[PDB]
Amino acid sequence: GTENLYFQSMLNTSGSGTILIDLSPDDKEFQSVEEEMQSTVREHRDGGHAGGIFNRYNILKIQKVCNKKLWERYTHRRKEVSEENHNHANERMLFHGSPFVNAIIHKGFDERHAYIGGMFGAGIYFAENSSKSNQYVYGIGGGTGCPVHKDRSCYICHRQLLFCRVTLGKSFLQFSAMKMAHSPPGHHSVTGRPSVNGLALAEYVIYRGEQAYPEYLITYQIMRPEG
């Protein structure tokens, strides 16, 4: 596509203030995000042990997260990374899943709530594939599942993902485990690459919460296959 759907300028809400904007399914912005959500689903190695067993989702809502402070903090970081990387910010849309969605869209991503015991250390993790971020909606490795039924493969409870503007800058390409506290020298993010005897699907790690904007809030639920 050659239309500017994902990377439009944000305008002053008022603001306090996180305001959600309801996108109608007839809008091409809704449809693009929906299709990106649906088409990037892969068959996982766990057998769906973490994210659940599915092929597609039931997209219920796609809202656009509008926050003045979070925006004028992302742009400042983006401009900074750009200047340190030959005017190339390396911005792209990536999925994100965590139990902290409500906090992320009100306060922004927060590195100080990282993990350090992750594959690439104390960073905030993003994915090309929507079904990968889905494995982290109810916590690391799926956690105990949905709060109501304790089911990691629940088709009843509604879930939320984030489709985010991510500034990658000069990304450090890694195959093996490399537990970082910050982005490696000269770089601004880490890219986990697919490889045999390693990762099956890619992943992208930043170490500054200001380096990502939670543009799209997706309310969905995984769908039972037939059968």
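Positions refer to the first chain, counted from 1. Take the two forms, superpose them, and find the largest set of C-alpha atoms that agree within 1.5 Å; that set is the rigid core. First, how it differs from the form deposited in another entry.
- Superposing the rigid core between these two forms leaves a single residue from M93, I140, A114, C154 with a C-alpha shift of at least 2 Å: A114.
- Relative to the superposed core, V41 undergoes a C-alpha shift smaller than 2 Å between these two forms.
- Remark: with the core as the superposition reference, the CA shift of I53 between these two forms stays below 2 Å.
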The other form holds:
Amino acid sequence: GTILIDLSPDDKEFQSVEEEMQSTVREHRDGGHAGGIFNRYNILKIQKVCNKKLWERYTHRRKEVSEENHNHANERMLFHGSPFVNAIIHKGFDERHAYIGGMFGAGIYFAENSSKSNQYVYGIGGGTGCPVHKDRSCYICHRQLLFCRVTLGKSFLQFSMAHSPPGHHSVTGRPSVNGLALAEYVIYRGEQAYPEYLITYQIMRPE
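Since we've got the form deposited in one PDB entry here, give me the form deposited in another entry too.
The text that comes after this line covers the one chain and nothing more.
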């Protein structure tokens, strides 16, 4: 039931999604090992992901969480990078999309920094890089990220499928060492995220 609608680059919605993608690149402590070396992206396409059944699954859960949290869903727009992006946009998020070994347990991980999600496009640790050249810093191959609507509800703050900590709907990984890193978030129910935008891009080689 999923259809993908291309956004025009002239569209304010394209421009705002692109700006969030570009403006949340940072340097990574691995020197680029997992995600490659770059300061910005070449955005090739931004598509709106439209699926009525998946949207209603999301809004149903969102209302549940809101009602458990003084009418506050605590909804964010966050990045997700994954080898399973095609399954996700067709079938929705589920336990198969969880990062089993993540530092906050087996859940589905989201980033404020697009460059954090970029590290997972080719797998954990960047896997073996792009399928064509086996290059985690490939500047040729097209990558995809999701920009997702995520319900956090009451989030457990960790200074840094399983179940959420009791009394909570998600976990927040607050960086405590790298002062430039933005937060990361984990949900333990696939129904708490909707993959709203599919972004196709290249990383760009610094000049």
